[PDB]
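Number of protein chains: 2
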Amino acid sequence: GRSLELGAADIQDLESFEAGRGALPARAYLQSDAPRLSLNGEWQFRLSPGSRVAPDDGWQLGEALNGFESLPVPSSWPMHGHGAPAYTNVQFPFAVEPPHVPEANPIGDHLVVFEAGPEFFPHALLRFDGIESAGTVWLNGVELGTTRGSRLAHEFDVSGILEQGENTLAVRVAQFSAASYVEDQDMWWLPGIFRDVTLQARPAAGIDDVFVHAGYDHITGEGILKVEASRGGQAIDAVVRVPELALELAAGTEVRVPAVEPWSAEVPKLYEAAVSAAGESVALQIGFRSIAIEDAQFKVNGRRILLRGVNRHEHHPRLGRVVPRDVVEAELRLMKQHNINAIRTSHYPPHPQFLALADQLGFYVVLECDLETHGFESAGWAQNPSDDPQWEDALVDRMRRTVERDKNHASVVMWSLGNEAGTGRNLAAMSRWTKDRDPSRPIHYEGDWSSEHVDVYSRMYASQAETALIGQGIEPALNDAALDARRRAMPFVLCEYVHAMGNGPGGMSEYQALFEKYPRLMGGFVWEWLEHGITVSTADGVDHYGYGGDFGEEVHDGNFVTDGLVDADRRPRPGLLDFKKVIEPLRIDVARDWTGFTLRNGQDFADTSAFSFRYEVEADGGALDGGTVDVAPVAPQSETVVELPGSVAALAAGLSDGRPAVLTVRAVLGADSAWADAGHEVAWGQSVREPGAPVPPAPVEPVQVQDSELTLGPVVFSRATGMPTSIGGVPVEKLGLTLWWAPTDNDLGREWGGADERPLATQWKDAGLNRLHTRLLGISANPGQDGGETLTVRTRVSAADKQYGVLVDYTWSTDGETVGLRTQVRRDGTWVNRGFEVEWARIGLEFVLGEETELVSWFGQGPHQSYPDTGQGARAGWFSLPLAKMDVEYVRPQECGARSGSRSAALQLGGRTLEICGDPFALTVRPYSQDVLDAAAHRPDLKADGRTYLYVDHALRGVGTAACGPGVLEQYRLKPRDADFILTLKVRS
Amino acid sequence: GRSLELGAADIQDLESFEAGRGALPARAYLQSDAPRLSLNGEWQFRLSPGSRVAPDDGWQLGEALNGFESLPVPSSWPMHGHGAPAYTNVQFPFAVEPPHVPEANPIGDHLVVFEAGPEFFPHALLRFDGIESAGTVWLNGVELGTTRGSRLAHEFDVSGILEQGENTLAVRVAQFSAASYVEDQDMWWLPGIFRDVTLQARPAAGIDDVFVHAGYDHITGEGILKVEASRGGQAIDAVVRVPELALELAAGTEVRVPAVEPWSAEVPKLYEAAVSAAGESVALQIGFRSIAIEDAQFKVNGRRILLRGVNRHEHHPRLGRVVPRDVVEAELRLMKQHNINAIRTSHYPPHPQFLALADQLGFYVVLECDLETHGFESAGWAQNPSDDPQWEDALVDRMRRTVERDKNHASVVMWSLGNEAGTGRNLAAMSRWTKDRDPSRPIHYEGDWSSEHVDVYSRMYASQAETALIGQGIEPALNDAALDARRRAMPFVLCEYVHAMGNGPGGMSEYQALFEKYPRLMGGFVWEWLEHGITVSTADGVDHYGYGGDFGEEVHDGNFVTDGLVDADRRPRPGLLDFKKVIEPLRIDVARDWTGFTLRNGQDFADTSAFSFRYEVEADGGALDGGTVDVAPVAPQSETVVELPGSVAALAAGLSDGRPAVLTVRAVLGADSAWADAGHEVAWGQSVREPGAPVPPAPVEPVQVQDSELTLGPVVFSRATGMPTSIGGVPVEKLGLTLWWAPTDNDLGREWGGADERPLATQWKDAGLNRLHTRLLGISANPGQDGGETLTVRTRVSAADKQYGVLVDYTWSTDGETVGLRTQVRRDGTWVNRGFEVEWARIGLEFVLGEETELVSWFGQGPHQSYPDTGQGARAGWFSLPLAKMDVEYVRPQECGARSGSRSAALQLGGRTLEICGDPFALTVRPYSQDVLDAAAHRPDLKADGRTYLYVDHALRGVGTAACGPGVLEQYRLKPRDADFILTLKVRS
Ligand code: NA
Ligand code: NA
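Protein chains in written order, with the deposited numbering: chain A, 22 to 1010; chain A', 22 to 1010. A prime marks a further copy of an entry chain.
One copy or any two copies: either way a pair holds, since identical chains are not told apart in the list.
No more than 25 Å apart at the CA atoms, straight line, and that leaves these computed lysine to any residue pairs for SDA-like: (1) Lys786 to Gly573; (2) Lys786 to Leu769; (3) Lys964 to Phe572; (4) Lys602 to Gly647; (5) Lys755 to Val74; (6) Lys755 to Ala125.
Since the hints were made in silico from the structure, they are not lab data.
Construct the complete structure from the given sequences, taking the supplied hints into account.
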């Protein structure tokens, strides 16, 4: 019997089910006049590969340091060259055997020397706001305690250890600990001290914790205020002063303020208040709100509200978990600018400073505890911590610390027990505690569908259909009659829906229609706000985002970090633009006769008084008229009809039959707000006078036959191919039918149900839809009129080893000036492969041109892209973009850039402009081919070859959200069918 | 109404269901004294991308050629830079719509000018032996006709077109034609004139075709001879002279020769004969044989024979379909050297010159017609030519031309209608014709399992089990009572089995046991003889074989061309070495007491008289004794017992208890034969005296504990890891358990049946078996004896996101000189993933050493590799190889190089030699890691890193033949279980 392994005692600590030891009781984050010293700055940093290899050179004392270097704190140290980021989603990065930790466990030693003034005597504390995932803290070689709960705050008492003058603070941080088993969220695994380390003095007769109770009686219009204040866990005498309400009360007593302005996301009214004791005073912002669940509805201040929300992770493309305050203010303002009123802190408490901003700019906030045991799902939740009693104290500590920190803020309207932790005893323990401490807020958890220990029914990525059932209260009952009776009486919320990976999300409209129609639906939260992209510079110094698997990770999920509405640098993806329109607070139905418009106010509290209503009339290359209309304030959930100036309606009948004109009624801010400047666009509506169907040119031109070529009008053909080689001088290198997209991220994912287990992208490859070949059948010339000949090229399209195909015929005609192309498409054989019917991505034509396009113009829906289930934010008008701005810079290159519902388009090539008219078609123009687009793993992989790839699609497919949740809806799917369309071509040289 | 496409008439020809027009009636390939002129040499060659683009510049006349260049003929023109090779297997390279051809159809114009002497007047013909796939032939601007049937010979009459003096011959060749639909074999698609173009004069009163009927009466010992000779399709008077049999008869009459020596693969007795007419005489080699199907047995000359065969494609690594005669002679001799007696010409007639060689060196030849419509299987054989009456004449022409060419040869014992053409009317038409023309030979076809139109029951890749049933005649009956009665009375043959892709094939022994035990089993043909590798030179001029998909092919099958017993350059893969032993014609069971051996003659005709029997006794580094034993000739299918010299048996009892000695009795050729030199090894047998289990060293050495390291005997450890860092001075960089191979080609293929659809390679990746991590549990030191301490390192092995694992413990001990390692392995949890139990590839240890190994020695089975279901040819002995010769150069790098059944091994590193002893283990040594081996797509991807990767496996897995056909057999599979083994380590410096 003998023992000889190194670092045993260190690991036993890492493998404890105990919460952080030594730390003071959990309290709220308060703004205090008590002297503070921030220890943020250059610290000394040493990295070790394991705990068994971690040096014991008494480094904690700060002198004779071996191998240390300066590292900024707070920070995520992989972001600074020390190691590399790693990313997994459903999977753990280590062997699952709780609570044991792997041998490859990066240990980062942190050290800093600071001097402490007399202000921090006799009593003071150290406050860590976040250490991932386990930390041991020494002050002048004395162990203070350990920290567990990476996104939770720990405070240690340094009274009697802190010396006057220079002090030495040493923190040992381990990446993986037993706590890693309960923090399995969807993100890069980035260890380190990533939040503020703070030294704060604790005066005698000071305030340790404050609990604010600000309620609103919507009937009597009275505020109900009562402020608890305590020191050392016991209630104390303190004075509460609210200047604006002109009152002065003692803590612990409950008074009713006669008239208060209630708080909401629409009107974030806050009252300045201070809680004063002898030793210190605390500064608070008080918002009067009351939350009730009544008649299966989630109500705030008496009225049902609609959550238009997103899921906000904390991420930066260069700093790790560190999100600079200016960056936080920026994104919150951006959310407000796009009609967002709710946030779910997924899947952990955010930076303490976040809560204040959510109070100030109006947001309904779902504050989620730092708990996710998603990696145990793989094995049927065997060894799940949520049900293991060994984990009870540790998990309850996580809930307590979460609730305690942010209880005072009005924005927090719900506590959430965590994400995807399964079901268990501990979850029930966590809920039970929270209902006892803070009854003012309902409780949210998605994992337990029985909804036994929560106040709202919550699901993620439920189908539009399923939601429609739940909204009507006719969803299938639970086995338990008692439990079903409770859940059927709960409001419903989608804590995650419309996955926004890559091109998408689609189907956002079908969800919103249900949100507006059924009171039981609270609305919900989009997944997610931002991409977790990380900036990388190449050998030639191109920088682009990188995703999972790009940093050498043994185990990864590729590009799933990229599912955001904005990129890592907070630049809006087209999805956010569409989202803004879907959840807009006002609906404007412009009448067809342009006499007036119908306006409905979709807000729950405010009226249409902060808005200014403008109208615009666009036609050709000029705004024909503009102005402002006077709209009497409209009550919330009410609608009126506003008549437009007679001048507008007069211009309608005034314009010629068949030329396009667009009437736009826009709701903009009357004056500056905290989150936007005046004139900012909130909601809009349109009525469009569309051009009639174009007329095919006179077939009065004959076909001139030479030895190897044909000529008709300005179009030169090839007698071998049957395809044009030149139109009005523009080099046509290729023309063919396309049935296939470059697979989006939605296509790469398996679809919800169905006998076909294969991702739609795979279905296409097996069907050979990406490798189509054309066989020429014959070229006819047929009489038109007055010597005119109409050329007809008959072809068949198919792929290798396939017996099915499609017959397409191109009949050309021209009056000598304008070229008329007609395409007929017929199915040859049954399109089934591997026992499943093959779906198409499009019915369109690919034009490859030998000259670059300098600039693209069109009339239809823009500026950004449009697909059948998307492009809601794309409005009618005239748009002109450089070729470079046509594309969309998704992290992983895929199908994007299609402008649906086009009527006409113009491509300028050198000195020539190519006009394309016809029936509604979808426009796409690229500097590179699809084979290039598909193959590309990153943006740099895309090199232009000097050609112009023009795409004109008759019918398109929906993009859906198949990456996670519902795929393409039925009405948006594209199955094999026979089709036709006419085009109008012309070249102005 | 009008038509304007180019090259319409050319394509209509390509799309005809008609056979070659203009060609003379099919006849046999005869050696004639009639004057011949070979036109092989430099020709002029022009390539065009399509038939619509193919120039009509009257190039056929040979002057004012534009864009021509010199190209050798015969040749495959992609092998000469003109285009590139393309490879598919089951799939067609173009859209399936018979008989239409793609637009991308390479057209190669061939042209040559030759002068013709007066000998070729007044009558002569042009003979093309092979044009792939369609050819049009002009002579001096006159169209002779077209050729259909790429591996079939066409002859055109040039009488009255051939001028005296200079003539100009022009051939237009198209790669794809309607005939491509019926030539869908497993190979590179290589067009061109790839066989001899020949000019032959046809004298008056000459012989056009000869049919030889040479039968053998095994009862009376009489030859039955009758030779038909004809001119212009009508019988003529000719004189047959057979010098050796001293007879002279007139053609058309049937005589019985009193005493003839019969022909067989074992005794290829041929009689010289000449058929003389006035104008010319024909030289023939006559072999007397008779084929009968009787009592469900395939009989030749009265006796049941055993087909030990292979499938021979015609391929060269540099020339395409062109296989030089010296290369053909070479491989045929190589086959004979490895006990092969049968060949299946897959899947087309071979070069005309092949048939003669198969007569001379003894081979049973299955001659297969050029027909495969395998690409229609994809769509349930819709539009299958085999059943389409439009194809009848074309398909019957293929059978006629095939039979007619090679009817005279004795080696051809069966006509085969083709491969994988499905079922149809035309197949029945082909059989019906063949039975009428040549009843002397049975008919083979695999596609129609009902076996309605054939003479033998034939299957491919049927399981060992299924074969065992068929052998006993108890296979499940057919729906048709009448048909079942016929098929149940047929002999059975596997036209393709034991797929030899990559490492393998395994399970060859279990098949052969059935072949020997059941008379109904004819034996069968291995797939296949050679790899279709193609030589490629890199930027630094490394040359290596390339496979499908490596030449830019839109559609491919990767490395499936690589499934041979030899590489493209006819270098034996280990599979051939194993195969030679499995099908050896003699079995030698050496008695245990070394007194004698049992010898059985497995041949059907010959006796043991051409052999010399040698014996050898090896022990340590010396052959102790050698000699020759006198064995009375043993009759075929009979066995005798031969006593060894008393000196041998005396040496057995003479040697110490526990030292190894190997007795080898070997059958070698007494004198030179046509295919090998005297002394060549045919069959062998062994009896082995194995060393006793090694004894664990005295645990008398204590553990010396320092700060960061441990020391026990000559082994230095690391206290952090628990792994040795040094043994006797050799740097040990790593030591760990392995459960995973680098997936072979068999592992990459789906397995036959089972709920698990996943290839075994994929099963491993999902299970995380390739990414194992170890967690240290503890290091103990326990008392041994006399101050001795036995170190024990306890660890656990697992992978990320997995809850199952394995507990392995390493207990070390040493007497100061020899190190004793013991490994205990225990399963922790159930090894199931995705609902399926996880199989292991091995139970072994990986040693990574910081020094290169110069040379590896061992005692066990060698020289080549050994796996549970393979290594039959690996014999017992002492082997020593350079590290470079340990590896096996498979085209795609995979698991290989394991020497199973090892007893001891020695690795020399610089000046140190490392000895490893113990229980039977499998040895593998590599210059690179497994991660390198797996990732490598080609041989060049393998770069040594200066380390030595040593593998010692307790238990191994079978390789099977899962790439196509049966996977690993039950007794060879490796499932999770608890195991142990002891090792003996020692370093001699
Ligand atoms: Na995600
Ligand atoms: Na093959």
